[PDB]
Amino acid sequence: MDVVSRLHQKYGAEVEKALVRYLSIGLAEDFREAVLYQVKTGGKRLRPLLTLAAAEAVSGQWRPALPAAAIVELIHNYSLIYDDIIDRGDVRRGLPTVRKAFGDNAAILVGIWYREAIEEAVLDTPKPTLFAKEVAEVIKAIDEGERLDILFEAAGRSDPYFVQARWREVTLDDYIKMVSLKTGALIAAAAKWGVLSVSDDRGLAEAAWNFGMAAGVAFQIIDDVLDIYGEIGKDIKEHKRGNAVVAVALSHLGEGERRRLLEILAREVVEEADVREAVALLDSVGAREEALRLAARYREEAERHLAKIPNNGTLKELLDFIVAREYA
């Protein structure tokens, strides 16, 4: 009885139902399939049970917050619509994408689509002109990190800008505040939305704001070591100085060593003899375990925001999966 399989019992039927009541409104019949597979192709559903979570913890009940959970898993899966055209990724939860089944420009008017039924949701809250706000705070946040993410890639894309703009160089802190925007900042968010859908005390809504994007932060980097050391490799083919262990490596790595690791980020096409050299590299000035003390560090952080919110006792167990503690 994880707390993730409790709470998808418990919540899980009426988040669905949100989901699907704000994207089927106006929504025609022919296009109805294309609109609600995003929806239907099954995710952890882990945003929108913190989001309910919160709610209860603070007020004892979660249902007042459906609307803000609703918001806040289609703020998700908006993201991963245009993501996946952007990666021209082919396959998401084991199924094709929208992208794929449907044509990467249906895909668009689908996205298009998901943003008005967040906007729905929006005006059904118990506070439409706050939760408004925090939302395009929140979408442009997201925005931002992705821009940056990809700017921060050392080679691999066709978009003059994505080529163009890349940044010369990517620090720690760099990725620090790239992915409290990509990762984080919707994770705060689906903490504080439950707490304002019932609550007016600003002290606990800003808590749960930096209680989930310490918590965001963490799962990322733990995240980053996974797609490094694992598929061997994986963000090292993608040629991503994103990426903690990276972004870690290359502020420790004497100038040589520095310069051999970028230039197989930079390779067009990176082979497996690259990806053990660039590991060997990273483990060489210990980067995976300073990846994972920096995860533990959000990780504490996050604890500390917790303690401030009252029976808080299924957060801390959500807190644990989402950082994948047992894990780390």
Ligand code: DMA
The other form holds:
Number of protein chains: 2
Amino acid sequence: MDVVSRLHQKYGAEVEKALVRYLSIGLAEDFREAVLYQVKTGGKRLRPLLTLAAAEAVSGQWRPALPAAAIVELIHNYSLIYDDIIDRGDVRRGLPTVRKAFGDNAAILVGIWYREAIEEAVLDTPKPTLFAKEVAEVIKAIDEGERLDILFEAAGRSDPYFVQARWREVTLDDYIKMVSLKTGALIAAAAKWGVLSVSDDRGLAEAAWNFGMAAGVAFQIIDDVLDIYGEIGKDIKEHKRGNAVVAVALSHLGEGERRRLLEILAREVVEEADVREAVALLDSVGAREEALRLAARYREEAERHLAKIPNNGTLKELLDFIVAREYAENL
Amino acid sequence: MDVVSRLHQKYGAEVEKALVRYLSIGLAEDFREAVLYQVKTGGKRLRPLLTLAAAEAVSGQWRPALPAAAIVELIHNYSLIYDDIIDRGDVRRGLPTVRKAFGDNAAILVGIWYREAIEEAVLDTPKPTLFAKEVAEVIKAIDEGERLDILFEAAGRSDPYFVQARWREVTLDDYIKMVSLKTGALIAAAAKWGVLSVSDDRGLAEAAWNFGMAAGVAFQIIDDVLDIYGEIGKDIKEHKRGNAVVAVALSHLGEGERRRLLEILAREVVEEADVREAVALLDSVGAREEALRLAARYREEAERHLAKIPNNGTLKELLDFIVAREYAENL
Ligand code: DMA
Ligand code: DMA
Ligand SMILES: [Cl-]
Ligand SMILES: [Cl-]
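Now that we've seen the form solved without the ligand, could you pull up the form deposited with the ligand bound?
Zooming out: every chain and molecule, the one shown earlier first.
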């Protein structure tokens, strides 16, 4: 029994109850199914589990962190609803997305509703004005990270802004700034908010934040590796320079090899043979191994921050699962 | 010089400054133009003017209400950004909409940003946790009102939810519930929030709320009359049962006339001759005059609530302008 299965057994029912409770406030009966849909499609709930484990580590209690746990999971799902609209995603967690089942525009009315459910949860935390400010900052970080990820694409969008503001160059630093915002900030928030729910120790809150950030970066990097070396080459087909292996490669490839890889990424339809050729360019500079070493760097940073947090056994198990440690080292 | 021109001269520059200030917090330079766009396209700013006039009426000061004034105008514009996406609107205030100039999906990233700018303004008010709760309630009221308005349509959408959840019947009561939410609540909030910014008198806050609600309903009704009798018959072309004249008519028309009017509204493309025929049905039961009498009812209610508020001269001028009193009585 993994730490996730165990924490789902301990915290799960209460997490699901809290999500429904905040979303249900003021919710019209004939809109209920549409609004509850995104939280009824499953998910690992890793973020709220992290929130509750962090609270429990520092204080021995997890229940006072339930409102914070619902905030972080509701923000996750709010971002997913709009992500599916923007990317026109049809499937998630093996089921139709909100935009697919209900329509793009119905999905927007749902997303708008989620942000106010998040606000109800904020008002239900131990420190409402502090949570309110951190929620605004984290949502803006996610929005900015998403903006950057799209502008780091090499092709494939029909929004004049995404086309015209597309960045000319994407460095490894750029890539790290982007994933810290898009993926890291909300995982940093999950940990930090668990601590804030049960403790006024600022040092512990800051350690939990730094721990979640680093873990989220390590996770995204690994995810990016899978999304290249497996459906082989999914991020190449999708024109992404905001991919760790690609960004690593672009930093090492010679001028002609560099120009070629960008040419492939910018192809309106990327063929199988384009993928293979792109992967060969990546391998020609050992980009995959370098990406995985970068993931190790952040995983080790997460561990140093985590060492500052008391009673951290369960959080250490979650970290290993989150950064898919066992798997990554096997690769 | 009308009350609006006068209040724009007094409050305007400070209102515009506050909008830019909250939106600018944490705003990336290359996203600035896209995000500031919706507030740089003009607008009467009637809502924040009402906020500031209400504060000034009860306390003699308007500046402490600037954060509340920015909240209400930012909510207005947040709702407009998504309204333009959902309705695929190309033009607003004589210029391209955000979705038009930047793209539907860029518009979403902008809308997401507006809600967090609204939250920064909330944190800057005299009573942050109270404002935070009222903002969540009012945004949910707008979202629900919008949901109802779309489900009150007789045709014309491609979202499975809008088609499948479309209401079978739309009564006058239904119509009033809908406009109270879609239009009234935020105008009620504008007034009430001005009072809350400078006073703990609950009776005055409640009077300002009731005053703004009633004014917003009267305004929407009149707007609906214009949107029938003038571009003649715009709401008929757009399949709206959520129109005061239409809703009045449906309540009085005989079975065959009633069935016919609905048939016209449900026509996938409504022709000129369908409009004229629809208008004749409306006139056959004096629906326009009845709608305007309903607008008078709410305008008179607004006045009774307004009478409970001290030093109310300017607020009375705004009310007349808001419910286009002079014009309505001329019609
Ligand atoms: C933090 C982490 C490793 C999450 C993995 O799943 P997900 O959050 O991307 O998706 P879901 O919400 O479906 O579990
Ligand atoms: C409250 C009221 C009578 C508003 C009229 O203008 P609007 O708010 O619909 O549009 P804009 O924001 O462009 O002035
Ligand atoms: Cl507990
Ligand atoms: Cl003042």
